[PDB]
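Using the sequences and the hints, build the whole thing.
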Amino acid sequence: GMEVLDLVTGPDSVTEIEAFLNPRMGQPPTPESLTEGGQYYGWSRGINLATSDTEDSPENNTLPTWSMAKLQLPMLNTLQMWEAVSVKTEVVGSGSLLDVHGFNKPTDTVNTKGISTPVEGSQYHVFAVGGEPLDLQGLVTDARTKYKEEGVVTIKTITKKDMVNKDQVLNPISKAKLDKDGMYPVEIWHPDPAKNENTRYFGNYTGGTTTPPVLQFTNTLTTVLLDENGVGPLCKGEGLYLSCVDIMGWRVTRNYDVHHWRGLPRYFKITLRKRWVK
Amino acid sequence: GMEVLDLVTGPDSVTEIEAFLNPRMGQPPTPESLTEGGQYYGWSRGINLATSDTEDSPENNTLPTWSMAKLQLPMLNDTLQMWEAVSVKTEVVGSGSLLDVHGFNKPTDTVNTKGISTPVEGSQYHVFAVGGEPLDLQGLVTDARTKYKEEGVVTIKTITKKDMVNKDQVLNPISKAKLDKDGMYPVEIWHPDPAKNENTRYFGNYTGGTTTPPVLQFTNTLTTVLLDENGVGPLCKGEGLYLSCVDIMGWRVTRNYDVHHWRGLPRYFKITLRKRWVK
Amino acid sequence: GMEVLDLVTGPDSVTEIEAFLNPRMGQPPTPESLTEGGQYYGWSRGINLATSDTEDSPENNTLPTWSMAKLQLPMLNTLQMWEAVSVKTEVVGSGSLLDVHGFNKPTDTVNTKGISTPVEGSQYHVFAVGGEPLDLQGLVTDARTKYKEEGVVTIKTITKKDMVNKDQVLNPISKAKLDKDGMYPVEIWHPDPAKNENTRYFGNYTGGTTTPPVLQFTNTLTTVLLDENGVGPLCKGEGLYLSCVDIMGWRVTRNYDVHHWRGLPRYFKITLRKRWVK
Amino acid sequence: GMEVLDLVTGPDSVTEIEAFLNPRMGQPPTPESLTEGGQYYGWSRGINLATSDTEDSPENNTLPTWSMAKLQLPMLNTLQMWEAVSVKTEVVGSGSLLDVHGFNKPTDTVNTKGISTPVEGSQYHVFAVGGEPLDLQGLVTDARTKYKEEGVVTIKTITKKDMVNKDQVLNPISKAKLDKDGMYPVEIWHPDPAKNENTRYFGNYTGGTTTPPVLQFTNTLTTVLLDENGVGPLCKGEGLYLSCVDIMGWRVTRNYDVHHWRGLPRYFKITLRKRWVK
Amino acid sequence: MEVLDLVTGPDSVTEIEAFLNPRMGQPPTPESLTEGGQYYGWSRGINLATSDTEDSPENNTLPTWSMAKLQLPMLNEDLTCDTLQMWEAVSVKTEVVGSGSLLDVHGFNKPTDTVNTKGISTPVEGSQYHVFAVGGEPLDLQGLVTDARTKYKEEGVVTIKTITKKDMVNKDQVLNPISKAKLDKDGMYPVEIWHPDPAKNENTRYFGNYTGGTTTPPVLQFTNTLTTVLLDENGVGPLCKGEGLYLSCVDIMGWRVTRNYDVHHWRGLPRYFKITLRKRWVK
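Residue numbers (the authors' numbering), protein chains in the order written: chain E, 33 to 109, 116 to 316; chain A, 33 to 109, 115 to 316; chain B, 33 to 109, 116 to 316; chain C, 33 to 109, 116 to 316; chain D, 34 to 316.
It is worth saying that the hints were derived from the structure and are not from the lab.
Hints are all accurate, no fakes.
List time: in silico EDC-like cross-link candidates among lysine to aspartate or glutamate, alpha-carbon distance up to 16 Å: (1) A:126 <-> B:266; (2) B:126 <-> C:235; (3) B:143 <-> A:146; (4) A:233 <-> E:48; (5) E:316 <-> E:38; (6) C:204 <-> B:68; (7) B:312 <-> B:44; (8) D:307 <-> E:235; (9) E:307 <-> A:235; (10) A:204 <-> E:64; (11) B:307 <-> C:266; (12) D:186 <-> D:200; (13) C:126 <-> D:235; (14) A:126 <-> B:265; (15) D:204 <-> C:68; (16) C:204 <-> B:64; (17) D:143 <-> E:85; (18) D:307 <-> E:266; (19) E:143 <-> A:295.
Next up, the structure:
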């Protein structure tokens, strides 16, 4: 159904669905143990640095990846399709960053006093709602970065060849789809503006090392998903795709300034309506 | 109860109510004595730091908590009526007090112990809500290993009767509560729950950092509309109106080992309500 | 007249009045001599600090206070009242902060070179227009602060009793009216949102120690004073009240980092119309 | 032309005029030689500081002044007058601040390495369009400042008397008109909000010492000059007055941190229409 | 040229897309990641003046304008016809792609813990410059420099001297109307020299912003939901002369800083354009 017709009316013609996507900062959800690694859930493991200009081998659990979920919608089948009309979305838990009583690098390092330095630095917030996987365009800081072959999907996973210098700019060969949760690094894979005809995405980036994190939250804000012609994302095979990443910055430890990324979960409440298509 | 009909007209069909909620930064309102602890009212007590990666036990009087009040509305009740909250004028009062730079805080010139008394700076957090039932809360913490006190505060373990788990550092749907007591629910634990709160409107913002300048605006000319996309405001169950807030401006820092004290300010609410026919 | 009726028409039914309010930062307008203290006019005197946690005695001339003026309107008397419809207001003189050639603490303290550090830090801008004095609510940093009994109006002035711990939050007992220029400290007295039914006020605060000052100015911006029912402040006994404070930050001297508050004057042009009342 | 009537229609009833105003930061346009001082054109000369609290004698070529031009409109003469309807204005050249390869104070002063520090600090942008000279109100940081008598127009030029302490706040005696380019210091002379009935002005100030400069530029933005009654500035004797100042901050040299103000030129394109007047 | 009605019928509206890669200083070739290709997307190390009178920046340290000319379908069989058709640019969706890549703080840049050579690899920070333009002819440029004494290379960059055949004059540090050019070549016009000319560009829309400083956090937004309208105050978009559509941009994110003498390299990001065009009758 490529030709969009009238809205469907009658019993059950509109539905609301909700979901939360937890962040994928590097430590997986398991093991759950708060001694054996689970204490880092919601965070990355300690960022490991390159050893030379030609030896940059980041560990998978130090690389934040995209969150995604595919939600199955009520069975439907001139055919009908589910059309995503609007979304209320919220990043939850910023108040938790008011914990300045922990064991991070303290504000008075001479005397080991003050407060536990709160999360600060680079921030990245993107969400998307669509009727098929988010289309991704690869672009990296360094085409020489030696990403692991297993456990992450990177440009080489797709091309079966090493990255080239064009991958540090826009190389149309380096494309993928966001089809797995916690696998696609956000430092590699960006929303592709040349595709995503059936997805809406919204992103912002704020960089720096000690930048104050900023966040707003309210249950009163609706994001309209209709395009310029009044048509929202159309859900292929009754599948709805949610994608996001919400990085708040890093915490810094008392030992060699080890940094850990902090991510927060995102709530989605999507309103959908049935649409006649041909 | 559930089905929303026409607006009620006639004598006393609209009312305005006002309240102020004082901040709950850690030191309680009593003792009142300015030498026995009352001098910290409006502030937290000095923030105490973890002693290791596995030993983090913050004292309750160092943890800002939610402010809340339940206000009783005029009695009501062929068919039923409910009070509907239409709009609110809200204001955080007292930012001018932060222009006191003549006190005994850590001074700006630490070479000569001179300059000015460093004003309140750092992390800031402002949330308010108005609803017809308690604000629904979702728990989420920095560290599921934090040893919150088991007395005098409501934490995740209070609700679940079990220790926190690693999922409590992200979204764990088991870890939920209702904001039903003033000065009891820490803001570093309990967040507005976007999966509930159908009958409350909430508005929040967070700005982090350690030395960030505090910013605030105030005017008596701004109205916040509380009507939803269908033109319906919060409906007050059992004629109860719930106000919730927290307004953290940052910390002051003392001259002794950089002890930080949170500063909070009071929030004014003036709520306009109308009677609604319901079925 | 509590009941508001129709607008009055005919000759001289609309009037426009203008005024400027000079800042009240601590040094009075006199003595005028530029060697006897007049050189500090527009500024506070050097901020003096507490000597202990229990001994905080700020000098009056170090405390910025509210500016205010009561303007008399044309005689009038179903009666008529003057109704304030709108105001054009502007803070004048921000360009003067571009003087970085004076004798302030220099930007290179190592060598005593560079430029004279410009005014920076905490900023506070409030104005109000009303038909009666601005209603004030007291709230202080420290209820133990030992304000002078003479020369400033403080909480103790009103209550005849020492401040209490509730005065560090909202204590409804601690209220006053802005009825005198250069007397009510801005670190004590705030617009009262529980009153001021017949006044409109607009305030903003930006804190910190070295924060860059920011200001906009134009003669093209009108502030509407009408409430949600289309009614502006009604001038009791044909008196119009103007209130403000405009703090730009501090300058810092070359001697023990002594700080002086800087304030700027505010212009008001108020449009008023006659209103029938009963 | 006190009473404003209908718009004039017919051939040549609307006109557009354009101009650029170069900045007046302190070094005059001549000498042109890049070894005789011409290399400082667009900049001030090195800011010279006071030698004590009572000895502040800034050199004229260290003080940015207002730019202005009077443009002659087509001859006209119930009479007709030119009415300025709107202006498109832009500050040109912010990209030049991306030169970080010069000999300014370097970013690493420990090793004398890094990049040439770009222009930073206090910024001031004002423009005005009017039918007569911009009305100015004097206000200074320090009434004791010993401005040169020749080569700048200062408060003493107007009053024939030394500045008074009231000149540090609003002194209504201290007024002038912007009638000469490169002569009225911006640290003294501000748009007068109590006059300028026939001019629109728009100003902003951002202070500090190392503040990042910010600028936007586009050819798609129109500033409407009509007042609340739908009347723009009326050009007396067919003269159109343009006034501006656009300070981007300072560069800092490698010798004693000497600062030089940087200004940029401003483009104006003004649309005017003929108006019947009586 | 007099602008008449919109043309209707099959194929009267079209959308075209393009990406422009940044031109920060290292050219796209050599492609080898050991011979210079590893710097593509970046400048080479910024080299500094050696005195107040000796400022000779290398070409590969100077970011230049990106541009592309797109050729649209021919509309007019006979240009002597009284009424003709032109392509009119109505709107553009534009996006700067790849800000997420700046979240790589695991490389070999100057580290944040300089005592121990630990912490994180300092991310890109500092001065930022974002400009894009869409027009029916080349972007008109106005020259203006920091220093008229700067000794730009004569070969490899188009500078004021390239145009005038004479050394820069002191007026080139402000607005000198003699110092004008057109953006007619990609990767050649330095952005520290050449600015959109507000006195021309009647048939182009440009949008620019500058944020300065040395350690300023970079900020960027991106969405596929934002349309930039290109119609002027009369409802007319850029009209494509000889069916040529010109895209111009620069998108500087700041610098990375190396572990060797704090050497800085500019970082740029590519820009996507999707332009909606419609046929317009003209005479």
